[PDB]
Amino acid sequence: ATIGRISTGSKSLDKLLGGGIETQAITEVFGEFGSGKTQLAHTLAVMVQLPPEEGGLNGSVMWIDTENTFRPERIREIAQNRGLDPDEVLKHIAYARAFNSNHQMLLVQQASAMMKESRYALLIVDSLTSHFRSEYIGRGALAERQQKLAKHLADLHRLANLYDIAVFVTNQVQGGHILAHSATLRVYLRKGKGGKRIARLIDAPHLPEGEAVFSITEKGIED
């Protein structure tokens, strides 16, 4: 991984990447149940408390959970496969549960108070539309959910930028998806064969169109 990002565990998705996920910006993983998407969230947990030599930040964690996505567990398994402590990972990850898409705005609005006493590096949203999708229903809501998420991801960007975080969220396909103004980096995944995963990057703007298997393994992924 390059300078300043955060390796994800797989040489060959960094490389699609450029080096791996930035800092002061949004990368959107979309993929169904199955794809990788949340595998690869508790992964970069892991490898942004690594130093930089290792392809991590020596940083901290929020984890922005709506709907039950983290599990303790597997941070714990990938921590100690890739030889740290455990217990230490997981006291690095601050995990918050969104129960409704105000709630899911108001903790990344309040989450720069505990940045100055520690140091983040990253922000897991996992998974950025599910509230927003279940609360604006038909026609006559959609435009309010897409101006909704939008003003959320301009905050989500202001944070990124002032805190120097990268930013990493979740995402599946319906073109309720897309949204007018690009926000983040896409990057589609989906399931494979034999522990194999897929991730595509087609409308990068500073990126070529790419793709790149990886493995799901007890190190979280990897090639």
Given for the second form:
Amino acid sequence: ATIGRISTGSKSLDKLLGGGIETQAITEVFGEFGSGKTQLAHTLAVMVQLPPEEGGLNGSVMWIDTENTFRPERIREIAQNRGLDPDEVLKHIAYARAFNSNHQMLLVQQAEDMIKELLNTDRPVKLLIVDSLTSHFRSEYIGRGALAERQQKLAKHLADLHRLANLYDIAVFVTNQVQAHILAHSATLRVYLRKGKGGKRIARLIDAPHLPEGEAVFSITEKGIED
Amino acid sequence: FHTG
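Right, the form solved without the partner chain is done; let's see the coordinates for the form solved in complex with the partner chain.
Next comes the full complex, and the chain you just saw is listed first.
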């Protein structure tokens, strides 16, 4: 299948991403606490529901939450300021909280049922969000021997997600909080996000030599994000 | 998973 592209709301970021975040791919955004990772997730959960000529995929959303940071009223606000019905947009987001990393892994399996269910409706699932991808794994797998073990569990989790993305033509979007490195990653595309002067947000592609050089810059607004 |  041809890949689809979901607009972020930012023309700058869209150009950096070559039109938007891709289906049949896992896109990881990573950065420090407060850089706007969860805002980008909220914005995409609306943008994907737009028709294709407005940058969306007429799609449904599934959302796995590990830090209780999902905000339905924020979805409503973004939808409202982009011309969409707030409650209809919320209704097309299926939401689960992952209790721990093991539950998080099972939920990917659980998600496939709804993905199958909607596949030939007018609004198939087109976006699967995992926020945070790594927080449970960080907290549970720690100390001597944990590096190998945690990386193995995470790779397995990511493989499950890659399968859904490829099998059902879905964009997977995941967040990862970073502080201080050198660890392997298996996301299709990695985007480094940081908060800059005057509240602007700046995004850069990491280890993507064949993709645009440069940084995109946007603001967090009532429309989600915009240039 | 739950709606909304």
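Here the rigid core means the biggest group of C-alpha atoms that line up within 1.5 Å when the two forms are laid on top of each other. Positions refer to the first chain, counted from 1.
**Q** Using the rigid core as the fixed frame, list which single one of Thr38, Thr66, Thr184, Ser60 shifts its Cα by at least 2 angstroms between these two forms.
**A** The residue that shifts is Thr184.
**Q** Quick one: once the rigid core is lined up, does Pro51 have its C-alpha move by 2 Å or more between these two forms?
**A** Stays below the 2 Å threshold, so no.
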